[PDB]
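Listed next as structure tokens is one chain, alone, in the form deposited in one PDB entry.
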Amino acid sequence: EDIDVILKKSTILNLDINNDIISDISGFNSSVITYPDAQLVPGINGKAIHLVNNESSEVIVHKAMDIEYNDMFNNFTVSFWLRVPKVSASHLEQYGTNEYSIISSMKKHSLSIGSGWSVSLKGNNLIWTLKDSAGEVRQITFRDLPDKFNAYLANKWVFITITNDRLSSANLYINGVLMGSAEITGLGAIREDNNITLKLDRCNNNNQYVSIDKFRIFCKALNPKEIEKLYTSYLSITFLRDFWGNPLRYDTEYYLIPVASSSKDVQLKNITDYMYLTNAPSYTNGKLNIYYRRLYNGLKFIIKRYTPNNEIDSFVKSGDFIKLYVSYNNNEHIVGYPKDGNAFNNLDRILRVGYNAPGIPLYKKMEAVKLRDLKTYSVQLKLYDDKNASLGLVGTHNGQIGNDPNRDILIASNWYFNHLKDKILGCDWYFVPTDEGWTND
């Protein structure tokens, strides 16, 4: 009756990565065989599986005796975190009709039937297929969003869950939201392979890769409440995340984008002066129906540790004290607020980059925190003065400095602390590192 108990009780396969080894921690003891080129990369809470396009890049799960035919006639749910690189326009043209499996229970080397289930990709479509012993087929074809900044198969970690209720439908959820469904009555016995294979199969693109984490099978069709809890159970609040959902790191260049105005990049007026938002350039392709604000323009920021601690972790944790720098012309400039510096009426402190007036204290101690919006990969930054008093969360204020044009200028303000329950808030930032999974067309 308790969701956590149900989730635990109904789990019959649960891949975890501990001590750089992948194994089933469900309790069923299914044997996991990791081939030489199955790689391990940063995940949602630890490390994740990374598959490249060669036959040595595979993880095979040998179903234990107890779970052999659990999905022959009974309800089941498959869940996993997934990360797929953004498909280039060129690759959509070349490979858009090429459907390839990434996860499957379908045999194929002894019986040409291929009964069982599969997770496959085709261009920007995510597909779930169930095939019974007579070859009857049912599929859910999810067409991803055209806006790649907000799409699910566009280089961010996203949580997949597909429930199969044999008396009604199969439902596909992404980040706890229902994205597609198919009636599945009319299917008989699903007689699948003894192995569950994580591998790119029939992918014509040599450079394709995918990342998968927390692969889990449940012996029931989970309801929305159970799925929502399952999804949010993976969002460990201690460790901060970059835009892609990977751990935020010290000493790495990040482009900042305000969650509240995601079409905007950050720009610097001049060294020693303020920062403001600018409209990002855009990419649109009417033929392919893809578009997105372009990434990687604007200021490059770097997070540095404020002090040592007791051990040097490369990831940033909520609560960590940091120093924020902008990397400009290969020179690094600290971000902060000068004592008595220009501020808007309400005490919104105007941030300055590389400020160096002799004798004037520059407040630059910040704290990297996660105070709201658990499901989004964003962070807040809290600025302090020299006596550890809060100067506020970093955000923007609309106005003018001197005779400059009206701008959304970066500030620190304690106003945000009274509005943390709001749906959208101007103190939320995405930290975007350049990544091979996202190249602007």
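Residue numbers count along the first chain shown, from 1. In this text, the rigid core denotes the largest set of C-alpha atoms whose superposition between the two forms falls within 1.5 Å. Shifts are known only where both forms have a C-alpha. Compared with the form deposited in another entry:
Large C-alpha shift between the two forms, rigid core held fixed: of 35, 28, 69, 415, this applies to 69 alone, with a displacement of 2 Å or more. Shifted stretches between the two forms, defined as 3+ consecutive common residues each with a CA displacement of 2 angstroms or more after rigid core fitting, are listed in sequence order as 68 to 72, 111 to 113.
Taking the form deposited in one PDB entry as the starting point, write out the structure of the form deposited in another entry.
What follows is just the one chain, with no partners and no other molecules.
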């Protein structure tokens, strides 16, 4: 049967945010109660829910009468986008044994035995718990990757899916890939609360927050092909995305990191001159088994509109024409290629920052595009000359300029157009904005 049909027909709850109101769009009309300090922030396709650590920051879904999806051995799947800040070393030491729920159907401290399910966090662990009407429990505990640049609980939007087959296992997926599993046979009936609560419960860190988007429940255990289609269905191409998965924005400082060389930063030789890569320093902590290349070193770039004639949007759309600037010594310097400027073998055109030679045309019309690698939050940049001919995608080339050391130098080249299906490509860039959810230790 057709996967899109299966996904639609089996949906019994689906939270959407429209006109700054959270509601259920499944067709079953569960009631959604938004408490005063539940916040809305940018999400994977619109806005998302943002929860901070106080009693007022919660969203409660009161299930419609008609939806009993998970009682009496019925199979079910819960999915949602999740964004959790990178936990500091200090906070892993202080709070790393504190398990706190963020989404739950279990009623605690009341008459109920507490049956239902929960999503919880504990340090760098993501935990799925089921509890039946007799109080018996099953859990999945997923331990995140140690390299926080590539980890799932380290400030990027990631897509969670938990399937529950009452005759076999619960299975945790992240970004469509199976990450954890537990047998759940032997559990009895689940008698959960009429409410599903999105709230930090029993979190000891006052400064903790999370973001949750597209919360959804299905009345079957989705299979891997279904989960892959569901995951990719959300990756809308309208707007480009920054490193964290949020919409890319105009007039906002970003550090650039090449996807194909992710432990490199970008540096400027001098005003009017070229840019090149350097090695990023790393933070390591063996005791905690975390490490990562440090962020926020290197040049700050700003994307400006090329010549707006319609509506001003703060977000950058794929296909927008832009001017790219470097913010350096309290000014903004255009990035472009001068006519007849230095190039490698006449084809790999060396970019220049703040070039200003009198009488020399400087080509600076760019287009911000997403031509490849749908699952990765990366961007390509295309440069045009004054006759709107392509001078290439922005990438790097190894070589030397004058007597300088050998460097990986930023260029524009049309070579990349013949290689867009490659797994890794040197024209793919991460745009990384400074963010409270990632501070280097």
